[PDB]
Amino acid sequence: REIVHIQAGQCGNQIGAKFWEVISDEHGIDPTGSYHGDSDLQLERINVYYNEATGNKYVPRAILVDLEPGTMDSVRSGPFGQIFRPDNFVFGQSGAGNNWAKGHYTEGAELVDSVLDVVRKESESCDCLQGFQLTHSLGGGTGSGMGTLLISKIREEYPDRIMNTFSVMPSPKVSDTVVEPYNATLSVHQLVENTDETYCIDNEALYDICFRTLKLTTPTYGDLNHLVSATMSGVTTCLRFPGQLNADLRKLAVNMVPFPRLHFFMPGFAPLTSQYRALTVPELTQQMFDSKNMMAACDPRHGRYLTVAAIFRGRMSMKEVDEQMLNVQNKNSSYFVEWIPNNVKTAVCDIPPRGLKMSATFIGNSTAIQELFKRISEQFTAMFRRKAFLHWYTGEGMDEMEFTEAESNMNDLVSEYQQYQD
Amino acid sequence: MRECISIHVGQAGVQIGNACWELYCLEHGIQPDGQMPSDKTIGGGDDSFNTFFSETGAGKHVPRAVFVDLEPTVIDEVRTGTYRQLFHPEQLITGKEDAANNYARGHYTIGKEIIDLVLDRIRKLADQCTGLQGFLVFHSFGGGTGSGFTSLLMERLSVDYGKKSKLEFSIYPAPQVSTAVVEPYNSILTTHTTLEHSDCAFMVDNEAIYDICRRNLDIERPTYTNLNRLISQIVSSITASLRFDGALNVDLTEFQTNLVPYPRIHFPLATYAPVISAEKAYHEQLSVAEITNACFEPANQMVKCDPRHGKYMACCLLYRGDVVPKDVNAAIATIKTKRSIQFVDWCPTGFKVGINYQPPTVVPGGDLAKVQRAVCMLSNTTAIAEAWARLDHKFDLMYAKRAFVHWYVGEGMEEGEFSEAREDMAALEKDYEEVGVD
Amino acid sequence: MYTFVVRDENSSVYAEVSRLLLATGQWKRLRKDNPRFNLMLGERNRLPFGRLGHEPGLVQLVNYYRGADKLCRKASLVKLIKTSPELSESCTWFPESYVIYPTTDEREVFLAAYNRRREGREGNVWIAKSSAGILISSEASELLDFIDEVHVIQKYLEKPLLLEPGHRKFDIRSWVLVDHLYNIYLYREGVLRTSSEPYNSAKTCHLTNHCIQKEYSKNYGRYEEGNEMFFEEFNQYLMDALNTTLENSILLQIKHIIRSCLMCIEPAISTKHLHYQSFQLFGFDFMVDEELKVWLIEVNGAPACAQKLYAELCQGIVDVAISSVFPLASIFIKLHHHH
Amino acid sequence: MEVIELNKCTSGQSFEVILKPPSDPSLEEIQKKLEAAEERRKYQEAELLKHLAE
Ligand SMILES: Nc1nc2c(ncn2[C@@H]2O[C@H](COP(=O)(O)OP(=O)(O)OP(=O)(O)O)[C@@H](O)[C@H]2O)c(=O)[nH]1
Ligand SMILES: Nc1ncnc2c1ncn2[C@@H]1O[C@H](COP(=O)(O)OP(=O)(O)CP(=O)(O)O)[C@@H](O)[C@H]1O
Ligand SMILES: Nc1nc2c(ncn2[C@@H]2O[C@H](COP(=O)(O)OP(=O)(O)O)[C@@H](O)[C@H]2O)c(=O)[nH]1
Ligand SMILES: [Ca+2]
Ligand SMILES: [Ca+2]
Ligand SMILES: [Mg+2]
Ligand SMILES: [Mg+2]
Ligand SMILES: [Mg+2]
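Chains as they are written, first to last, in the authors' numbering: chain B, 2 to 42, 45 to 277, 282 to 360, 369 to 437; chain A, 1 to 438; chain F, 1 to 103, 125 to 153, 159 to 175, 179 to 231, 236 to 362, 373 to 382; chain E, 6 to 28, 44 to 74.
None of these hints come from the bench; they were simulated from the model.
Just to be clear, a hint being listed does not mean it is correct.
To be verified - Restricting the straight-line Cα-Cα distance to at most 25 Å, the calculated cross-link-like pairs of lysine to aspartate or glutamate (DMTMM-like) are: (1) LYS25/E - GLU290/A; (2) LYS60/B - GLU71/B; (3) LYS401/A - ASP427/B; (4) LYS52/E - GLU433/A; (5) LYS401/A - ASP33/F; (6) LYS13/E - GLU420/A; (7) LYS96/A - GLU3/B; (8) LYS96/A - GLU65/E; (9) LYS62/E - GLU420/A; (10) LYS70/E - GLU420/B; (11) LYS336/A - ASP33/F.
Unchecked claim - Partial selection, computed: residues in chain E whose CB lies under 8 Å from chain A: (12) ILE50; (13) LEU54; (14) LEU69; (15) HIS71; (16) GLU74.
Built from N, CA and C at the ideal position, the CB exists for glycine as well.
Using the sequences plus the hints, can you model the full thing?
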């Protein structure tokens, strides 16, 4: 069951590149695409993310999209840049100027058909296509605007496939332009309709973790992307290695999404150290559920968990893992909705991530995620009430009505979460 | 001699069936390549074991079994396993995309694409039968294929084999090893559409098997292999009468006659003893009275429940090993004066006993130790309705909010089928309470 | 940190137990419908025993014994005493009772013994009652003609022990706690629910119920506060009046009756090998005749304690019944027996 | 305590001990429901493609 990966825009490609660098190491694939591993568990499910070519080369099933050549030239010149299929580099020249309208309606529309031809070529040779996973940010123009355009057209051609995304949420703490709330609000509505699973990665949380926890006074995007790499590897562990729980995108969605629109997840990772000490299973569990280890910048105690997916990696006592997971739920049962029995599923993988004897990845569908949408909505309204900066968008054909609707759409999403929190 | 065809559906059904047929071969002396030296009639025969095995001109004994799964990974292991030579490819049916723990996906969407293929492969085995008795269907409640495709297969089997009996071996969902949050949905959906099509169903609660493995075998974190080896022992004790010479439960019809006075109430409680860990260097062999008394301890039942707070409608004792009728009656008399065993007023307070002298067979290197005598009790007690109550309660909690219901409607299933199936379970619980309580 | 739920708001005994558990700082109460609990203070009617003991990693305890109603129902108790060989048809401490359904049923058997009392000169006053209004008549026709308008007709103790001064009736209430191990603990403190009206053998002075005394009795609370006499005072009276002790004259028979009843049903209700554990507080009610003989009147499955004893008893429930299963960081008399 | 119907053979024996005496839809209908479910699927997908077309 193959997965087709897509990374669009600056953020999507810089994070997408680190993702392939991380999992390529975990599966024993070198920069040239040759396998040099010592465990058959590395190759048992290598097909989910890699294509097998001539000479026993493993080529990532990845499509690199952007309206500017800048970031993609960086990837092609990066460490694992040579591993990507050259034909899968689809890029324009104008750029999107951090403008959702440019990526979704003008500049992006001109290039989207080229991307769909590569997606179709990758899908045609798939024995059993699970679906797609997209990495992108919501505050820019290409990943946000054209990314959601791709999602809509991909759904039209592949309506019976799962759509998964890693979506980086903008934050004034780590901001490039003032229009990011506009772009994020327009994109969130697209994700509410056209994705089955979206990992909400908040640049605010990534910054706080680098600053407060990792002790990085001046965090860079590279430092933020290191957290996303480790998180993306953890959330996809059940897809890349043999297992029983959440082993594919659909079964994951069936376990995690009780209502179609409430499919935005809080990812968490443990440990997060600044390092040679062994971490006990009780410690992994406490940190994994600690708000300080999650990437959405939302307090789980301000809401309730609809569903939870836990993944432990490394050689450890699976009996002790079961005990610790049961202790978390039984000691804090008030934070798990009681009308979804046994809503916490736990998976264990023998192969740990690089540089760690054992780790833990947290995937939570909590109603506290509304705090993230409320935040974006407040910032959006602060400018929209004065129609500030709208000319950048009306100049591309958009009408104010479309902004009013996106605003109302997200306030509905917030109300829907608040409904199930009581 | 009348043949029986086994049908394994989904991961649970396939892997459990894989364990049972392995155990069958060890019991009948059939080697992995299908050869059976003790069988002197080459290429044919109407022996008791021929109810489960056909014979080729080359002397191969082939199980009268069919394996069905919507994804190929689990049945592929059978294609390349120790007993790959037993089966031929026509018996192993695999799709490419599974039901994703979605009953509606296994019943309507994907099931409709393969239902005619499975029935055709079943027809090929039925055509080799001179007097087909019926079918034994293995599957889980929680899986999308085990629950969804089984109910479609059970419907069609009633259409194509209206006069044949059908027995179920159903795996009841347990969170300690469950893989989906919606398993309560699938459990009730499949029970609703399958109830009228099953003559006798043996439920096995993974919770009970799990604790029995941890408690009596000293397995810290039991795996499916641990669970299935123990399950195949119970399944073997239940089918032994069909595969060996005897007079009790000699055909599928007799299971319904002896255990099911009421058609809807066709879920007998299975209790097995003793379960001894093979890691213990020596263990005091248990007597007839000791193992018969263990048939009334909830800790040994396939489903945790309290038979003391219910009433019995039937009761069969299946002994394997060094057992003589005199010892059984002595044990029964003692237990009757020390146990709470209430029968329904319209049923005799008695026990149908069957004894097979061959003691239980254990897989070499497995976890179960060899014992001189074992027993499996099949008691139709109203107490087993506690499992329905548990299941129906979890169903109510989620369905009140319509949680996950969109996954089923998205496959063409209507929301009304949910309440229709729940109402059927509500009536089922009411039937049990009428028969069991005053 | 242990967890518990409350599913019976009308429980005055466990409302105090709930208050004590919280005060320990190591018990956290949950919503009444939360499954991840260690302890359930369940409801009286239709407690879902079938849903208990199915929570991985949770030792679950409930404050009721499934099947204990066999002992705490008028008709159930009679049937259990007549049919169980342990108690036998011949029972020296239980009044001759019969189960009569309104127009199995024991009408004809009740009249046979009634006829012998009419045949040979003997006291023929009986009392009719049910679990749901009582009639004390010496004519069988009045009793039966009253039930039509399930009941139990038993012999009325015509020669009861009468306290002086007063010449009045009374009954003895004993509180018995049975833990998960089926240890039988008899609370050292009992209460005599007395009648403030003199006994007239020719219904306020015959029924010792607290509600009847507080509403229908004219001399309510004259002799003792709230028509409740505790053992210390009663024991002194027995010494001053009858030259005996409460232990010798009454307490021996009470402990005997308590053991016999609870040991009888033990095989049916024990949770020794069960996936969940049970304990329960019982309220036994006794009648003492002028011969200093004790008679069992009924057993209560959801009893209320006396005002002065709520603190001591509820604390004892936590000690031996709750903390024994869930340890934190004697006022009972253990009635030993063969398990 | 009555034992009845004792049957013996080389591999074992059976009997009954008594302690006390007492005191379908056609293939047509199935095809309709299966094809009916597929219809609701197609109608839902058609509405999605109509929504995406707008
Ligand atoms: N006892 C036992 N239970 C199993 C086994 N395999 C799966 N299960 C149980 O079956 C339930 C899930 O159903 P599956 O059989 O795995 O799913 P399926 O029938 O293949 O259907 P799909 O959803 O299409 O995969 C879970 O509750 C598991 O605990 C097994 O080998 N032994
Ligand atoms: N057989 C008998 N002989 C003498 N007196 C009797 C009797 N049966 C009942 N009584 C008296 O009548 C009253 C009946 O009490 P009973 O227990 O039957 O009713 P009840 O259940 O409403 C009160 P409780 O539940 O607190 O015991 C008692 O107070 C007792 O004094
Ligand atoms: N975590 C992370 N966030 C980024 C990175 N680059 C840009 N962003 C965020 O993404 C938003 C800008 O979108 P960008 O991807 O640059 O626009 P695009 O190239 O037109 O799609 C801002 O909110 C940035 O904070 C990166 O490398 N890592
Ligand atoms: Ca242009
Ligand atoms: Ca032969
Ligand atoms: Mg940028
Ligand atoms: Mg499966
Ligand atoms: Mg009462």
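Okay, the hints, checked on the actual structure:
no., hint, result
1, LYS25/E - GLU290/A, "23 Å, holds"
2, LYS60/B - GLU71/B, "29 Å, violated"
3, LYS401/A - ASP427/B, "18 Å, holds"
4, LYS52/E - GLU433/A, "36 Å, violated"
5, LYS401/A - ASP33/F, "16 Å, holds"
6, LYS13/E - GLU420/A, "49 Å, violated"
7, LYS96/A - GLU3/B, "12 Å, holds"
8, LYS96/A - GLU65/E, "22 Å, holds"
9, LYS62/E - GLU420/A, "24 Å, holds"
10, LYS70/E - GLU420/B, "20 Å, holds"
11, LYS336/A - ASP33/F, "39 Å, violated"
12, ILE50, "6 Å, holds"
13, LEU54, "5 Å, holds"
14, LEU69, "15 Å, violated"
15, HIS71, "15 Å, violated"
16, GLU74, "21 Å, violated"
In summary, the structure is inconsistent with hints 2, 4, 6, 11, 14, 15, 16 from the numbered list given earlier, while agreeing with the others.
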